[PDB]
Amino acid sequence: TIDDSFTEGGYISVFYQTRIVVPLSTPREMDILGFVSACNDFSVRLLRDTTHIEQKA
Amino acid sequence: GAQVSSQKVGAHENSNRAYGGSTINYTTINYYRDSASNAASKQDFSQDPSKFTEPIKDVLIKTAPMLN
Amino acid sequence: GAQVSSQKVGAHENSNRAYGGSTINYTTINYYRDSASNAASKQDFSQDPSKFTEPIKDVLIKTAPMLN
Amino acid sequence: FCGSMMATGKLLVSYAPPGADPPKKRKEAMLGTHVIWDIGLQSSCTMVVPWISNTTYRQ
Amino acid sequence: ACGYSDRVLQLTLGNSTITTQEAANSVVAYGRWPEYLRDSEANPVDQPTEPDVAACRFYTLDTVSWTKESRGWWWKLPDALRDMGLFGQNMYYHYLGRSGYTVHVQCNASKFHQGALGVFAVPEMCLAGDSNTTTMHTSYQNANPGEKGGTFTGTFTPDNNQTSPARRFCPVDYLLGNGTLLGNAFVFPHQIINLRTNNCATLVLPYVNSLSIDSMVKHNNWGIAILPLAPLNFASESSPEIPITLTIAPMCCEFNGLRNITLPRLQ
Amino acid sequence: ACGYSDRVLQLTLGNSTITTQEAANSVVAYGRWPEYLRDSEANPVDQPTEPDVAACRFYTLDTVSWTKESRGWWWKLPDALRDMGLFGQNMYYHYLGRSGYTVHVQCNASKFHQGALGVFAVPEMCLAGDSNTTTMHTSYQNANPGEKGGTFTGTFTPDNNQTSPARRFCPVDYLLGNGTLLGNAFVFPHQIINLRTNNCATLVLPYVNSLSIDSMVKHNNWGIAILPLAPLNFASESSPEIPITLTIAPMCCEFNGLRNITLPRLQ
Amino acid sequence: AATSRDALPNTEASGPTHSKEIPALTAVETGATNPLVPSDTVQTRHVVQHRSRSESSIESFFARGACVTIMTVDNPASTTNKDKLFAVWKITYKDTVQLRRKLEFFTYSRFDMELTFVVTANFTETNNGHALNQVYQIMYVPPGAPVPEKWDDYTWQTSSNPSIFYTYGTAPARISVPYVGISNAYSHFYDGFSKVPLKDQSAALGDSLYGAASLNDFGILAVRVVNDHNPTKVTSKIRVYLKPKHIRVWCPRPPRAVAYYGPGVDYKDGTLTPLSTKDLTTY
Amino acid sequence: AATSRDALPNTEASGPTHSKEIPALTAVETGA
Amino acid sequence: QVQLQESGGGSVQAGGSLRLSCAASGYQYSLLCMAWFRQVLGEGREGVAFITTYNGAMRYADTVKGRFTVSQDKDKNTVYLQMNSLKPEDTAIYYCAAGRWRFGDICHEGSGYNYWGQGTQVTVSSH
Ligand SMILES: CCCCCCCCCCCCCCCC(=O)O
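Residue numbers (the authors' numbering), protein chains in the order written: chain 3, 179 to 235; chain 4, 2 to 69; chain 4', 2 to 69; chain 3', 120 to 178; chain 2, 6 to 272; chain 2', 6 to 272; chain 1, 20 to 302; chain 1', 20 to 51; chain 7, 1 to 127. A prime marks a further copy of an entry chain.
Bound-form chain 3, shown alone:
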């Protein structure tokens, strides 16, 4: 679950297959939103503490 080469994951990428076309009098720049999640076969193991929080003192 950490930055490791041996057990690296891969790359996800998005490319315009065509291009985004818009008619006249339409915003020329629109945006997308991305969502991630697990499928039914996802599972984890060996609990550890998290790096996403810290109480200084």
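Since the hints were derived computationally from the structure, they do not count as laboratory data.
The calculated DSBU-like cross-link candidates involving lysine-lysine, where the alpha carbons are at most 35 Å apart (straight line), are: (1) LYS256 (chain 1) / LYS76 (chain 7); (2) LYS218 (chain 1) / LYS223 (chain 2'); (3) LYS116 (chain 2) / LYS153 (chain 2); (4) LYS58 (chain 4') / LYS73 (chain 2'); (5) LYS74 (chain 7) / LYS103 (chain 1); (6) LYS109 (chain 1) / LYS234 (chain 3); (7) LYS234 (chain 3) / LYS76 (chain 7); (8) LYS116 (chain 2) / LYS63 (chain 4); (9) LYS9 (chain 4) / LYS43 (chain 4'); (10) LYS39 (chain 1') / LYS58 (chain 4).
Which bits of chain 7 does chain 1 cover? Going by a derived footprint, with three or more residues having C-beta under 8 Å, they are: (11) 24–36; (12) 54–66; (13) 92–105.
C-beta atoms are modelled at their ideal positions from N, C-alpha and C, and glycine is treated no differently.
Chain 3 is already provided as a structure; the job is to place chains 4, 4', 3', 2, 2', 1, 1' and 7 with the ligand on it using the hints.
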């Protein structure tokens, strides 16, 4: 009044006329009178994430167009 | 939910109406829920070194000339 | 093979279907259909060249 | 019941999937779905390699630019897909090789554009030359443009350098490039991408040739030609442009007779 | 009855066949014949490519020269076979890939030569370095010598350039290269080519690793090391020399996860 | 069925012989170890054999716990300029000879480990100063959790780090850990690299260490003296005993013959000489 | 019945496809 | 926190040879990626050479490469920097940073370095 259950075996020794094979069981006996004192069985159930993932009134059939 | 097995007896006391003779048994009861916690039974199997000693495709018959 | 009984070896006989540079180095012949002979008590080696062709008979 | 549209289609082969919402259904050329070489019509004797997934996957050729001056475009198979991963590789490592194809020509505009593109799948698409002095002279390099493909033209221009001739094609559009009237082209399996209706075309072509299996590097089986039936106009715009992309895919492909690697002089 | 000799053997995979008259039978390492990945132990989810014949065929690595000063030779797999036609190709086009091997080490002399070569198949053959200052430092290039392979040496010579270290192996022969006594090497599947008896060795190795399938480019499964047990002498000849050739062959090989081509900095 | 505690095959009685059967002869060339029994070459009487391999079965070969490390902790006075030293040891058997050589006989293995911690302490300064019984904490930080920074930061709040609190002067501490490999077997040897140096990239980012794999990365142990600063400095050491249990192995390799040098299989100069002098003609 | 210590659903073998069924498409808008 | 106790500058002239020592205080073992630097007087704060604790592999800066050699005292937790051929331009406040590590990845500049050294300055006087 014991609680003989089974253990899901991971690494199997080279044995089976004791260990390895013949389903390994463990015994537990509650020692106190208060429920609050027993050790967690860990033998818990699971459910389907549908109450979270598919909260749509009209049952979702994946194969079809989601907005019909 | 015990595990009553036998012990291979070595030095036999002068007894047999308790020790010595009548096959000596021992009892074991797993105390934890995780397999990883049990004590090794030591009641392991054995195999034939053939997977190492005789790795020859065409079965070796000792009596005969090894290269025919 | 017709040399002495005492002489020995292994010769590679190869068949490359057409359509690439005709093999000139062992390496390339190697990649195609070939049989590695071995000289011995059996004096002859046979290589079959299977019928691998586009048409159903050749000119 | 569940609103299944003949506009919403999903093609999946190997590790790729092309969905689509504005489809005009799909054509299975000649009514024969591709398939592996049968034993009744088998020919070469050695075991055939069946690359499957390692080959049966959508590869995307390079995109083109559709404008008012676009006369047309053309691509040969398996040619175009000669640099496509394993299918590209398995192609050079064999003498024989039969393969089907699923061509999915994508190209979308907006309710405010107009025009029509006819995607044709001509079996054995022999194109015409450029010189009026020497017949069938066109060189191999020119004949196989690869993934970039070549283009049709509005007028026949003779090759006049007889010292060092261009030896290429000069296909005239209305003549479907090979001296035949375009208006008849509609006899080969095809679909029309009419901007108002759909945004893709889907033709599934089963291997068609005179042999059971043949050389790929040598003889091109299919020919995908795309010509603008109705020219492209947009808004009150002088320079409209929308891109067209072909994503082809080999199917049920099998090769026979492994050898050493063929390196064709492509230039 | 029909005089079938355990000396006359014929190996055939794909489009190749290696016969032989002076064989010492054959060893099926560990007693497991290679096989395709089972569903019980399957791991990666996508359909696996099974190149079969396009890969399951005897490739011949480059020949070496056996003399009195030969200390030994070593080759890694699938490494060595990284330039071998399709198996070479299918290797770069995937993340995962399990493969078996059939190693047929040929080498013949004549009734007038003498000596013994031990062909060993060490699973996970980690070799030692050359510098005595920096551990496990050896570079990728050096670690994967490819079809040419590397060689053992009679004495350990430390890498003394700490400015620009050689970062290669310096395997000492009697120590089987990895600091262990050669005389024990006989624990790994092996055969001895004793010039008086046979002229080839045949080991069939089934994929052995910690995983169900793994990266080829990264982790080398097997290791073929050939050392001269008994030195080579001939006639009353001061300079005798006979060549040794390894012809390896992938078996029941399968790869998963097609992607883009990997180009490793080999130099 | 043939268990470890079974009697070895009883040796048969065999008499004079003059046949065409050749037991005695072989051709190690095949690679097959000639399988003869005493009775094959010399005449034997009948013998009911009682010895059994029961004490040499894979299980029994590893059945002894073994030192793997020596972790140093201490609790110096609050007045001191030096900072309260807490030890952090990466979990790897390779830190000491003994267990490593025993483990090297095998290419791969699967074994649920059991760790034991013997903690001994002592004073340092020659002061008749006292110290109250100390309490130690051994916290298992699995790969990737925040490694402790100060002997007293949050990290020790062990929200999820399985820990142990050992009071000094009591029976050594012990915890069981199941097979935790990311594989199907732990790799005692890894031929290869983690990163493939790519043709379109910098050698630097393309470079890794030979034989260094995640397969054998298992996090670190953090040890600290829970009691706060005490006027008289007291150092202590924590020895960790590992005893592989429920073990199984794969593929035999020859045992390590020359002194180990570092985490790799590598060896140093001078040490490359194992056998001694002896004469070919002297028994 | 499905306890915590149950094996996750075995992934099925599936081949080529060219249908009107659209798995791939959604509209997170629904909230599903 | 890891402490990097550095030592020990000076302004010797051209062609010179001095050295810097930097401790692990700290827990030098597999973590720290002991690196060298020197702040080119306000220009200026480049990475010299960097060693890997676990193996002892060095890499240098295209500038220092060759003259400067990074040395390692494994057992007594010190990493040295034999500053050779000290030329006038070897005037800059020297550094010693040390980060953590990737299990098997070599200690490079793009990698580290979490912690900081004292910054003991070594100057090379001119002629
Ligand atoms: C609180 C202490 C918990 C201890 C858990 C230790 C982490 C697992 C260590 C496993 C060591 C196995 C050694 C084999 C490694 C290999 O050779 O691949």
